[PDB]
Amino acid sequence: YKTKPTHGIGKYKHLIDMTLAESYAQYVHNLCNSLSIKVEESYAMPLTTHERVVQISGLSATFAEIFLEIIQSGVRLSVXXXXXXXXXXXXXXXX
Amino acid sequence: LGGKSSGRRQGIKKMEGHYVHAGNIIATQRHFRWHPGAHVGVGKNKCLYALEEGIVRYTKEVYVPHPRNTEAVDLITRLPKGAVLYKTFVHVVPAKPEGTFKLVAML
Amino acid sequence: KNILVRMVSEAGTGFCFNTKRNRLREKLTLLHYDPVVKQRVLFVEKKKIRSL
Amino acid sequence: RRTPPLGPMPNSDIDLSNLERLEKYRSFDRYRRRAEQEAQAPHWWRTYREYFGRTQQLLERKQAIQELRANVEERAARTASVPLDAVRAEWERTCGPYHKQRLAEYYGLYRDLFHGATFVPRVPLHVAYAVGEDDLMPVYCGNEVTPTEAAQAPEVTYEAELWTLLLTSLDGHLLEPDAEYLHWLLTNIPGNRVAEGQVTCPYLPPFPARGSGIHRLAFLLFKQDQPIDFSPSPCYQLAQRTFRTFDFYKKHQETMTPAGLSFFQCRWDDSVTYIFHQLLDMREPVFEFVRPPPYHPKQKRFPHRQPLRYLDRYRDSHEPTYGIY
Amino acid sequence: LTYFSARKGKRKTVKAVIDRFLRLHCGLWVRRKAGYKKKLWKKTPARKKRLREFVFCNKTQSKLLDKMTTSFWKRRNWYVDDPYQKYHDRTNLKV
RNA sequence: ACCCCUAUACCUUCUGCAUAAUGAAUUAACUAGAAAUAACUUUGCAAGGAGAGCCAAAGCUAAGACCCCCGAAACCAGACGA
RNA sequence: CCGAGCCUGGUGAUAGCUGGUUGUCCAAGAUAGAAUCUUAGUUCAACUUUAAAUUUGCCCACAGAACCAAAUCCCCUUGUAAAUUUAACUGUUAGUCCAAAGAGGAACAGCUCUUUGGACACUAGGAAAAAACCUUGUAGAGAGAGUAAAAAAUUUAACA
RNA sequence: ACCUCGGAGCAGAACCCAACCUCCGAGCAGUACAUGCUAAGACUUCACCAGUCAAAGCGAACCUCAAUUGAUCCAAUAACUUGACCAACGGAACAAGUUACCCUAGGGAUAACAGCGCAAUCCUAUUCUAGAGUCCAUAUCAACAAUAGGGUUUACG
Ligand SMILES: [Mg+2]
Ligand SMILES: [Mg+2]
Ligand SMILES: [Mg+2]
Ligand SMILES: [Mg+2]
Ligand SMILES: [Mg+2]
Ligand SMILES: [Mg+2]
Ligand SMILES: [Mg+2]
Ligand SMILES: [Mg+2]
Ligand SMILES: [Mg+2]
Ligand SMILES: [Mg+2]
Ligand SMILES: [Mg+2]
Ligand SMILES: [Mg+2]
Ligand SMILES: [Mg+2]
Ligand SMILES: [Mg+2]
Ligand SMILES: [Mg+2]
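Protein chains in written order, with the authors' numbering: chain f, 48 to 63, 99 to 128, 150 to 176, 181 to 186, 260 to 266, 320 to 328; chain W, 42 to 148; chain 1, 14 to 65; chain 6, 27 to 79, 99 to 118, 120 to 124, 127 to 209, 213 to 282, 287 to 380; chain 3, 94 to 188.
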């Protein structure tokens, strides 16, 4: 009841090659999860070629750098633009 | 234009501490302003009723939805990792004991 | 859209019940309880009884 | 009017500044667990409970486990039922005593027999009632066995190197409650054998009245440091055998501590009648079970919207009465 | 309702009441629920059940019915095996 | 006796009338609540009551006690009138 | 006195409409809502009267009455005395202003529409005269006494 | 224009609560075919009628949905059952205009004139200094606004 000391006890609203590439993407996702970063989305973009994405948002420079290094440590990368090499992968950021 | 609907007369029909016989309706509502607790049932209107002779009591009890009911589960999942939902429950605390052994005869 | 229809039990004769069914589709056959026979029995559709 | 909460409200600490950083229970199981924990905790707002409610040994164990694993090598797992008897034995040896307490608590032996105050039955008591040749019907703690099977006194073992074995019904039959009926009383026993020890009160079978429910007999076993006197012939008088274990424990069992328990359920049977007639020498009491009558409100003069059944609820009874004609 | 008739000079009965209701000797008035042989398809089973019961009239209604009829309909009638015979007299009242 | 002080006729109809709302010159005489069922009351008798028939799981018989006046435009039948 | 004559009769036509309803004295006694060819009426309810039977009735104190202000409900003690039921009824069921919370309208109305509470339709004293603001209620006589509400205040522009 | 039913606000915390107040919608679908029988005990749209919930039992397994509807007599049916936008939605079995040719009963419970309240509109006066006035706010005009007063207007009541 409103006037009772147990007022808002129920209140809840306020609380609320290709294969290889895929594997790599998965790994990246896992890493992100581990390190506590928001993985927003992932795509399945179209000899043959195959692209995968891991959309990321919010990470400080030092931490970000570390993450990048870990990713670096095959196929390719593309996010300052930071490309590298060993089908295709493209971890687009939003820091 | 529009509609003018009559008052629905819903709400509590029996308050905490009232002596409520099996069958008495306790509280009527649309949606769950109260939930059924110990020895209290639910009709098709969501109306709460006493399943035994006894006294009505109200309590704020932790709420866990049924696994099969999806929306509630989703909500639960959404909540942060030390959160518990809580909800109000109406109980009947039974008075008279169901049984008494009496002496029929000496055989 | 929906027709009202009467359904006649084969066993436990005399007992008829009224049900819905879509106007476009098949004559209805249904298992249902006869309280005369006191067993489930096949009813068959017979005569529509108003349409809606 | 807005009153502040008496103690701390739930869900206060976890909301925080941001919601998107936290872990959230992606599962249901975790949530369920949390809920359970919360329930277990007390709170200030009434609430459910208000209204209703060595190292070396370890190393050895580890080694054994390792050995087992090696033996398996695992393949079997990739379907082995395990020996149950051995497990049971182990339990008896080690945490059986611990377990027993819980059962006792459930069955209200400590509250009724000892007036409160729990204790661990350390020494494992092993009783069994003989039924023909074999098998001996064992009195495991909690078991249902008939008074036909309990007509003659049982065989007892425990593997312990003095004792006093007792057996009492906790319900208090026939006469007023807070009373108990003893069935025998073995005393000043040396070691594992009953025949060597003395007997004051000899064995009756259980004698539960018909439809009285289920009764709970209890064997008791204590540790003797000092040998002690006790207190009455081969008697079947009921007014002698009425005795409560609490008082007895208090005013006498001072150089004594109970170490072994086993409780045993009883119902009506054809032997009960015999017991009543032959040795007790009286008519056996029959016990039904009567529920309270149906309620009904007060008799209303114009019932209004009730059916014609209104009048059948208030009537004594059924047959057609003819007033005066 | 013709408090005095033309020829006999007696009160008349409104025969609608007689058609519709059953006066128990105790002066309860029993009625078949209305809407009970109508549109039974759309009705839920419980509702049907409710509608198939007999019902006792309100005090005021009963009074009205009494006024509406003559003392003949209020007499004691000793039928052989009328199913309602047991309800005419009343048992174990208390205010 | 006046002079002093106090004092917004009446009925009706109104949420509310001194109303400047109706009615009423005045006297006289005339001029408007009448019906039982069911209740209550006090008698009578009483598993019966009632001067047939009717009612009766305490009834029945008995009395007593409730229920207005004035006013259309109208409709129709039959006469009487150019 | 012709939109259909006049007279008699049916005819004491019929009126939810208006007007009128005659000896004395006392007592209790006020407008929650329903439907309705219905809002000029009615019949239920509600309130009201009488005669009964009864046991509780009002005041109420902790506990208690979801989430998406004022307060109320429930309510033991307690102050009190009545309330529920049964048996008979009629009559009110076209209301006003003030305070408060709102709504429509102009943040108009002596405006209109809900809700809570007063008052008035019932005496008195006051607020000039006064329905609805304030004081005050149970009665009669006195050429006795103490009180209540109760009588509006102001006066003002220098400047180097 | 509306007339029956439902949800939200007015109506913030047990119900209840209006307006030709503000806003959404309904007059159906879908799944079954034990939507089988019965039955303690309750709720109830402030009456009644209509609605609602329902333990146990007997039979069987191993309802969703907010509103989604309509009395009586009559019809139609061997019987079970089924009959209206009877939507003026508690429904008269079936009914239109017009009347300055009109009549009667009433009504200030409801208008036109007149009064009265209010003052939207209207009329006036201050305040304010934007801007016009070759410059210069005040010789004279005067925007945006503000504060008072009047009761000529047309309304409203
Ligand atoms: Mg007049
Ligand atoms: Mg006519
Ligand atoms: Mg001539
Ligand atoms: Mg007349
Ligand atoms: Mg009086
Ligand atoms: Mg007004
Ligand atoms: Mg008015
Ligand atoms: Mg009601
Ligand atoms: Mg059931
Ligand atoms: Mg002309
Ligand atoms: Mg002409
Ligand atoms: Mg006229
Ligand atoms: Mg007027
Ligand atoms: Mg007037
Ligand atoms: Mg200029």
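Just so you know, these hints were derived from the structure itself, not from any lab.
Be careful, since some hints might not be right.
Said to hold, decoys possible - Beyond 12 Å from chain 6 on every Cβ pair, some chain W residues (computed):
(1) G43
(2) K45
(3) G48
(4) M56
(5) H62
(6) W75
(7) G82
(8) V83
(9) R98
(10) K122
(11) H132
(12) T141
(13) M147
Unchecked claim - Heads up, simulated DSBU-like pairs for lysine-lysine below, C-alpha to C-alpha not over 30 Å straight-line:
(14) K126 (chain 3) to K105 (chain 3)
(15) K167 (chain 3) to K60 (chain 1)
(16) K14 (chain 1) to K105 (chain 3)
(17) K167 (chain 3) to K353 (chain 6)
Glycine included, C-beta positions come from ideal geometry on N, C-alpha and C.
Consistency of the hints with the structure:
No Cβ of chain 6 comes within 12 Å of the Cβ of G43 (chain W); the nearest lies about 33 Å off, and the non-interface call holds. Listed as a non-interface residue, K45 (chain W) keeps its Cβ farther than 12 Å from every Cβ of chain 6; the least gap is roughly 27 Å. Every CB of chain 6 is more than 12 Å from the CB of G48 (chain W) (nearest about 21 Å), matching its label as outside the interface. Every Cβ of chain 6 is farther than 12 Å from the Cβ of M56 (chain W); the closest lies at roughly 15 Å, confirming the non-interface assignment.
Consistency note on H62 (chain W): stated as away from chain 6, yet its beta-carbon is not over 12 Å from all of that chain's, at 5 Å minimum. Listed as a non-interface residue, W75 (chain W) keeps its Cβ farther than 12 Å from every Cβ of chain 6; the least gap is roughly 15 Å. The claim that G82 (chain W) lies off the interface holds: its Cβ sits roughly 17 Å from the closest Cβ of chain 6, which is beyond the 12 Å cut-off. For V83 (chain W), the condition that its CB be more than 12 Å from all CB atoms of chain 6 holds, with the nearest at approximately 19 Å.
The non-interface label for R98 (chain W) is inconsistent with chain 6: the shortest C-beta to C-beta separation is roughly 5 Å, within 12 Å. Against the 12 Å criterion, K122 (chain W) falls within the reach of chain 6, whose nearest CB is about 4 Å from its own CB. The claim that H132 (chain W) is not at the interface with chain 6 is violated, since a C-beta of that chain comes within 12 Å of its own (minimum 6 Å). For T141 (chain W), the shortest C-beta to C-beta distance to chain 6 comes to about 6 Å, within the 12 Å cut-off, and the non-interface label is violated.
With a cut of 12 Å on Cβ distances, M147 (chain W) falls inside the contact zone with chain 6, its closest approach being about 4 Å. At most 30 Å may separate the alpha-carbon atoms for a hinted pair to count; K126 (chain 3) and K105 (chain 3) meet this at roughly 26 Å. A threshold of 30 Å between alpha carbons decides the hint, and for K167 (chain 3) with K60 (chain 1) the separation of about 47 Å lies outside it, so the pair is violated. The suggested pairing of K14 (chain 1) with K105 (chain 3) is violated, with an alpha-carbon distance near 53 Å, which exceeds 30 Å.
At most 30 Å may separate the alpha-carbon atoms for a hinted pair to count; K167 (chain 3) and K353 (chain 6) meet this at roughly 26 Å.
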